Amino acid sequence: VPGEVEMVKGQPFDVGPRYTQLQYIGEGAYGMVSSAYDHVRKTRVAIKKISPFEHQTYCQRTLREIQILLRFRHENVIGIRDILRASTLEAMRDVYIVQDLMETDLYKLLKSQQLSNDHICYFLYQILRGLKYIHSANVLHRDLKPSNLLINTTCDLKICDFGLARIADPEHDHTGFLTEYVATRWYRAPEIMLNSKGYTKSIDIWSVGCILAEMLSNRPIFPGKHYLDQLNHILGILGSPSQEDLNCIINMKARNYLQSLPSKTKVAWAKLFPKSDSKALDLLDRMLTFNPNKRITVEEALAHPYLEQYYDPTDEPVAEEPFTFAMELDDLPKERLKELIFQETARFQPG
């Protein structure tokens, strides 16, 4: 039917006439992602429909995604090509964000096949190369995991989903034991459960280490079944924290919890991953340190021997400038966040 609003799994994707021939890709709490044909550029693209305006938290994640991705430009970070929304604030219920179409994601890929060492190494390199750019703006991704790493048919990898992203804020990292956390459980560093809000760059390095382990074995390394179980999973492999590491934890409840557990020595990575490359395991070891202060940085990780075929600091760019997001943004009413989303999307108007 000419001028029809196309439906994707019962959801209207009102993106014509520029974009048509919508096909479902996937969905989540965020909304739904589809592919479409772009009649201007004459190519298929990804378009996601986000409808966040009923809740302040959904609006925070939407604004954060937009504000970061409109500024970032890097080969290993997904961009924004276009954004569609209504011409007035009152009419705007949906934001459609158009992005490059990729072939798959690392979650799908790791369910489908074992990767060669070459592919593990090269995917790792690209994750780190993207993360160097992200960290250079003092941005923390905070939700790295296989489903947020998009891959095309030439094995190019792009990092996506900046809804939980924040700025490095070591002054305010501290929190109590068992503080609720929004990012994906299996990729949470141990300190999230002990004393950390995840406001330092070490949070993302931990998640990368989890991703590397998962590329080595085709299963998540620390699949906790609930919040505290995640910490227990971690401690089952890393073993009991040393006295020095315990002395960096002054939360009484965290300390007393850790000190009640059975004494256990670190499980050797070579025993967990007996067919993996020794250099990959060395780098894994450096990423999955219990103490975040001792954890490898992104630049150090790029320079690690495992990555030597690809490492090229003349070809690993950084951001123009760091970003700032004040905590007081998190307290703005949702209609104020809506106004900001309206402003940020204005330069893609009209449709």
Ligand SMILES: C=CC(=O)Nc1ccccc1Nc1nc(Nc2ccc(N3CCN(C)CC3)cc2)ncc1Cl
Contents of the next structure:
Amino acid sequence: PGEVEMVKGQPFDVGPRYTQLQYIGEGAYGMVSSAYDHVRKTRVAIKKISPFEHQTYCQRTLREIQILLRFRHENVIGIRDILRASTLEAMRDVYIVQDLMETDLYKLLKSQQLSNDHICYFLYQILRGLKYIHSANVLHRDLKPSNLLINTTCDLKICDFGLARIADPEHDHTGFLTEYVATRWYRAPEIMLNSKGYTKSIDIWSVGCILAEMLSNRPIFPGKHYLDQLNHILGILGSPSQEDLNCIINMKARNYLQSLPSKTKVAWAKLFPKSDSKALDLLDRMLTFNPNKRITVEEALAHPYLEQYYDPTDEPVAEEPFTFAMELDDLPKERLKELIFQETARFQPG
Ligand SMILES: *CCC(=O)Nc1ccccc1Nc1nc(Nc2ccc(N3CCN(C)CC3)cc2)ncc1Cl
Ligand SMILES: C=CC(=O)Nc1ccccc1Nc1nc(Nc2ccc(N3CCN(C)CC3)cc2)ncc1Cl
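If the structure you just shared is the form deposited without this ligand, then what does the corresponding form solved in complex with this ligand look like?
Every chain and every other molecule in the complex is listed next, the one we just looked at coming first.
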């Protein structure tokens, strides 16, 4: 009693309110457990984050905490509680308490073919969530099936906001083949050509890839390495039009694109011969090569595919947009640590 429960050889020091911990899964500097909450008498998810040796991990922890404490929406995961030591020097890790969900879309797509009904309704919930996120000018930037939690009543919640940023269209440009952090398979084509992923179109692309994946139970663009990802995308979308090329003036990007043999766009109905044609039309508009011609989240919700669920009076938006200065990303990790201490203060003490 009063012990420190181990999860996979890692102490999870969340007693006495939270006990009976079981492993759920891991990310790069994070481990998630389920636990019993003795105060609310229910099982919860607890994420242990140990970020304070790396500036980039600190950036991501603060970013996710600042965003999720300020968001409240049915299709976005909430923060219920945060535990950390009483003093800054003692604080070596942070525990984020969240609603325990049954599964993720990744798991579900590995285990079963979805009906059209389920595909449609998951897509709607993803877009409903994303409307709220984008209404605060926040970009998720890492939407994929494993970042979509699902419970036993088919409720879906978006999670993992560690790579989120504010839409910043004035500084989106970068060079050809610039390094990128988000999961390769869900990266839009422009990430590899001229874009830092600072506009809302990059989340729409990822949602397109998720729809494709829900229709066929496999990733649509599974690149084996950075450039291969672009090549997979162009293999299906075909040779960009001249109008779309003329929006790219990075010389190396254009010359790469212009070196490829001519190829016409593959008909979605040929890749997805047994899918609803309305779903394929929406997929077409989400996976457009040119980010400027890609459908917006509002337009996607209004699309005929989602018509059984579409209800703009029941699709709320955030109070107010958010701002995060570029200079945050240059703060020493000791300063990020103090901001995480501050942001988590309102949940003290145990
Ligand atoms: C939301 C992003 C994130 O933290 N994802 C993640 C990754 C691994 C483990 C847990 C987890 N987060 C949460 N999980 C749940 N519920 C839940 C998710 C996944 C499973 N399975 C474990 C094995 N695979 C990772 C998928 C199936 C079970 C339960 N609830 C809340 C959070 Cl934050
Ligand atoms: C939109 C573009 C597209 O997908 N078109 C295309 C059409 C046919 C085959 C491949 C491709 N594209 C790719 N091809 C390459 N490299 C490559 C270079 C030359 C050739 N030739 C050599 C001689 N030529 C006469 C025919 C084949 C083949 C492949 N890398 C990446 C890709 Cl994505």
